[PDB]
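*Asks:* Spelled out, the chains give:
Number of protein chains: 2
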Amino acid sequence: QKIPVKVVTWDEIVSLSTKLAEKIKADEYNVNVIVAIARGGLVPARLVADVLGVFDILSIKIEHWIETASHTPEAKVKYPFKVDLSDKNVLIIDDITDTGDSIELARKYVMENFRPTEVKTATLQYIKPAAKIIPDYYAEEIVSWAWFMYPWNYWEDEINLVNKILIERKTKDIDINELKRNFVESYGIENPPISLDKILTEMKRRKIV
Amino acid sequence: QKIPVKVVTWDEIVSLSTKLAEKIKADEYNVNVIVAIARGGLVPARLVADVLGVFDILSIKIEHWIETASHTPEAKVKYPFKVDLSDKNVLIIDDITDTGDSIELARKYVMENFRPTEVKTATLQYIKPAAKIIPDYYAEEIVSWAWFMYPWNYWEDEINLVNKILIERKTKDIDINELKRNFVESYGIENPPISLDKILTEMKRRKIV
Ligand SMILES: Nc1ncnc2c1ncn2[C@@H]1O[C@H](COP(=O)(O)O)[C@@H](O)[C@H]1O
Ligand SMILES: Nc1ncnc2c1ncn2[C@@H]1O[C@H](COP(=O)(O)O)[C@@H](O)[C@H]1O
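Each protein sequence line maps, in turn, to chains B and A.
Going letter by letter, the first sequence gives residues 2 to 210 in the entry's author numbering.
Going letter by letter, the second sequence gives residues 2 to 210 in the entry's author numbering.
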């Protein structure tokens, strides 16, 4: 019931993305086109592009589905489309490789539908114990699984982290102090980036509570 | 020869994106799909999506061309594609509306090729004196033109700001000191986010110097 959670700051993001870009520079892979995996790869993609000097960024939206009986995970491109990337070197970027299902799909999808000269993959982080596929480049290796709460994800993650606590209440009333307490107890965050009261207001607006 | 330049921080970006999202909430425009304009709108798009709770983000790459004799500006979609967005409300996002050429193209392109039920435009900033087109939503109105140096653009902008000084030199100069001095004199930046020596090394790697 405890989930190890790490709050990632903008500075750490900048540091990771820059470190990622440096590895690509040092490998002298000449990138013409970045394909960001939406939504997680949008920010890292922009930052890496700034460091490497890439002007062409495209994105594909990859969904993550779980079959509720079998619990089978499946990644899936939504709003799929084709463009002609022949004669381009492509770099695919995402935030973090966990199982590697997303980058595996992205690579396969790009090879088949964009037809680049060459394709490489890159993520800010990479979880060694969990990854079936390892990205060509990564800034930081993670040897112990944890949920990484990125600065572009603060609202969404907190909304979910709060909901995982609320769905075990046993009282259709919501006590905020109890909530804050459980947040510290379950996740180890005493000062969430977004105050839990704002989260609750937004959860109501979204009809989650 | 002096260019007014404002260095925008991550916190200001967060503040702007959140303020932008709040306007959209208050207007009760129910967004199904965000179309980010690459590259400038990628980050703001992600952040606004986090605040509003939007899961579907697509992007289109808009280029900005100038004809060198006539000086005619033209915005252009690169790697154009079509997807079916019928029955969706779309929000198009970019960093800043200057002339409004980009959002005008984006809106026209999205209406014609994605065919959404409805399309609105949004930028973090909006320059009143320059904009032919005004976005449906903006976080901050600017009444006096300035170059906004965004945190996802620090390398690129500094590379250009340095180049604009170097292309008036004297004789293949070096000296990180005169450069730094001119930077302060021309732009008013005493501490660039990226150190100028860092920029120079990267300029050589890119064969700009
Ligand atoms: N440990 C984690 N922390 C934060 N985000 C994650 C984590 N694992 C997976 N994700 C998200 O899930 C997506 C898919 O990762 P994967 O399991 O490699 O397909 C990534 O793009 C991340 O946005
Ligand atoms: N004053 C400015 N500061 C920073 N970026 C700008 C500025 N004006 C234009 N841009 C960039 O140029 C693009 C086109 O703006 P527009 O002139 O409205 O077509 C925007 O997406 C910005 O990324």
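Read the hints as simulated data drawn from the structure, not as lab findings.
There may be inaccurate statements among the hints.
When chains are identical, the list treats them as one kind, so a pair holds in a single copy or across two.
Unchecked claim - Calculated cross-link-like contacts (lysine-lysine; reagent style DSSO-like; alpha-carbon spacing at most 27 Å):
hint, residue 1, residue 2
1, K181, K26
2, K26, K208
3, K121, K165
4, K171, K77
5, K199, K26
*Asks:* Next step is simple, just say for each hint if it's right about the structure.
*Replies:* Each hint, compared with the structure:
1. In this assembly of identical chains, the alpha carbons of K181 and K26 lie at most 27 Å apart only when taken from different copies (26 Å versus 44 Å within one copy).
2. Taking CA atoms no more than 27 Å apart as the test, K26 paired with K208 passes between copies only; the shortest distance there is 14 Å, against 47 Å inside one copy.
3. In this homomeric assembly, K121 and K165 never come within 27 Å of each other (Cα to Cα): the closest approach is 36 Å inside a single copy and 34 Å across copies.
4. Within a single copy, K171 and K77 get their C-alpha atoms no closer than 36 Å, and across copies no closer than 56 Å, so neither meets the 27 Å cut-off.
5. For a Cα distance limit of 27 Å, the shortest separation of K199 from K26 across copies, 14 Å, qualifies, whereas the shortest one inside one copy, 42 Å, does not.
Hints 3 and 4 from the earlier list are contradicted by this structure; the remaining hints agree with it.
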